[PDB]
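Note sheet for the following structure.
Note that one protein chain of the assembly has been removed; the remaining protein chains are unaltered in position.
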Amino acid sequence: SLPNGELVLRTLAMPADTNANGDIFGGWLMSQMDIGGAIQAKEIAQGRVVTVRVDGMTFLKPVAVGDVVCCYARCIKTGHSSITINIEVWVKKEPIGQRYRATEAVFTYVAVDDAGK
Amino acid sequence: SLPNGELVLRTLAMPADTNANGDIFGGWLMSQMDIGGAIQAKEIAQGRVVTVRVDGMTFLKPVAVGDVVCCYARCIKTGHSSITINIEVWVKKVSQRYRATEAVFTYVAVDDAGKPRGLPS
Amino acid sequence: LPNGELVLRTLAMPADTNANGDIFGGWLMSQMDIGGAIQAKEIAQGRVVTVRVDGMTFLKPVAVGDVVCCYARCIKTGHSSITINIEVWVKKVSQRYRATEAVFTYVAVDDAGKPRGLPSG
Amino acid sequence: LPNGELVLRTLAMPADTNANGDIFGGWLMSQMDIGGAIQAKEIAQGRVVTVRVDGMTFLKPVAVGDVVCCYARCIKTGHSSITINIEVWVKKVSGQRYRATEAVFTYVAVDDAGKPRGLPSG
Amino acid sequence: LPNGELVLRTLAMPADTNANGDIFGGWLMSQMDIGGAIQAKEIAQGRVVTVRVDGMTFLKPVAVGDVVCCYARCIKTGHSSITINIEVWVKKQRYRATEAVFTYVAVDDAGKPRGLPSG
Partner (left out) sequence: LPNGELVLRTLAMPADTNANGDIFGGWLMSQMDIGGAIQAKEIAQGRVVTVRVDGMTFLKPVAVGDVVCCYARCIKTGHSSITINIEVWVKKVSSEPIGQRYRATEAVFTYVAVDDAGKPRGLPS
């Protein structure tokens, strides 16, 4: 019941976002996080942004299909161009209603205008 | 700033979901609603649920690309197997909060053979 | 037997399913919307918009690999508004049975997304 | 004029575009495969698998927002091999009619193990 | 063993299957369309458009979790029509699962035919 930051994305793990095994593909997790961080940055940049680096990504617990994947983003650095955002991914519900932290990572964004600088 | 029901789904409107004018085709909207509602319905029924009825759907305001679409569901009725849930579709960043869709989705708790089952209280 | 125009003849794909094995009725409603938007665009001979969906019922489940057919009939031809009755009949690939019924409402819109009058044909 | 029976009828969504904005042209092949597979599964009175595509012609291109109608007509059958000519016609709703595709699709009826199986004449 | 240059190496995804569970052959042909259009755009040095597919053969089935390799080899040097021979080899032991002969046409920005330099 207690995630840090603001919930930016809350979706359902579709079976299309899997691997050969059937598991939720981590790649795809990383895509979900890139999107959510770009969201908070776009709130911050007051516009369109562009990602340049990602540090310290950790995949804590696996994700299954049919679980709700909640993304919680919280900004970290009062940087001029280096919009740094801390992103974690929590999964819900096998006993239904089970919350656990599934990803920890530190995203670094850079605000780009119609001409990024 | 409190939504009456729970935010069950929050995604970004991607251009994959467009029409010829440029708004999001509300196929995609109804799918979002049905899934988002199914989540909380599944919270209640403690098993599989099935959409059985969808009434009074209104597309209040249009949806654009690159915007955040938020779905808020609040249950109203629990009958025999029926979980009735009122669903709202809000957009978060115009590019401002407005309700863009409202509807009443009605679900039914089922077994593996698609037939009714009681609601676990 | 089906009344109206066959607007769509499509197959139930796995990509469109849930965990159960049946098609998520997200997908069905998407199909019915496409099917309505087509006839509406014929009537308005231009762009339309889904604005209202009433009395949708998911009668019978639909499996994967079956043919999904939508049958549409206009009922009301308002000033800009086109009302269309849509039904989904499934043919069995791998027998017709109607699995869903709904009443879609579209609106004749122009190129700038604003309502417009209805032609005569 | 439209020779064959309508197996598939759908609308072109933008979800399926290329770089300029046209319909991705393998996707048509995806449709032809499904639609032909339909009449094949009709005849084989069971399941089939695609094995050959001969002489496919892209007569006229297709854009987004048009209705695509697929017509399957059988020509030849083997013990297991089903030959079907497919025509793809466009209505251009967003109502001019014209043929968009011609091809000869060949399928094979397989049993539970994946080997070909027999066909009753009727 | 495989003939030509590898334009695509993609993984068979679940969403790409048919009802039985095999890889959808629609999808295979979809991948081949791309594999051919790549080499067609490289040869033509601009836009191309698919206009014909000859002798497409599905040799062996594919399941999910295999590596799909697309091999294109140009075969005929004409004025307008660019014919490209395409094979698909699957990994998991590599084996050729598909063969076909694609025919493309060089186009301008207006989807109209255009000249070929050193076709």
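The chains carry the letters A, B, C, D and E, assigned in the order they are written, with residues numbered from 1 in each.
Criterion: a residue touches a chain if its C-beta (ideal position, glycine included) is under 8 Å from a C-beta of that chain, and two chains touch if they have at least 3 such contacts.
**Student:** Looking at A:9, A:13, A:30 or A:69, which makes contact with the chain not pictured?
**Tutor:** A:30
**Student:** Which of A:14, A:57 or A:65 touches the chain that is not shown?
**Tutor:** Per the contact definition at the top, the residue touching the missing chain is A:57.
**Student:** Using the document's definition of touch, tell me which of A:48, A:99 or A:101 contacts the absent chain.
**Tutor:** Hidden-chain contact among the options goes to A:48.
**Student:** Just checking the interface: what residues of subunit E touch the absent partner chain?
**Tutor:** 6-11, 34, 38, 41-42, 45-47, 67
**Student:** For subunit B, which residues reach the chain that was dropped from this view?
**Tutor:** Considering the whole complex, subunit B reaches the absent chain at 14-16, 65-66.
**Student:** Taking the full complex into account, what residues of subunit D touch the chain not shown?
**Tutor:** 15, 17-19
Rule of thumb we're sticking to: only the chains that are shown with their structure count from here on.
**Student:** B-D versus B-C: which has more C-beta pairs touching?
**Tutor:** B-C is joined by more C-beta pairs in contact.
**Student:** Once you find the CA centre of subunit C and the CA centre of subunit E, what distance in Å lies between them?
**Tutor:** That pair's centroid distance is 35 Å.
**Student:** Using mean CA coordinates as chain centres, what's the gap between subunit A and subunit B in Å?
**Tutor:** 22
**Student:** With chain centres defined as C-alpha means, what is the inter-centre distance between subunit B and subunit E in Å?
**Tutor:** A distance of 41 Å separates the two centres.
**Student:** At least two other chains touched by the same residue of subunit C: list those residues.
**Tutor:** 15, 19, 34, 47, 94
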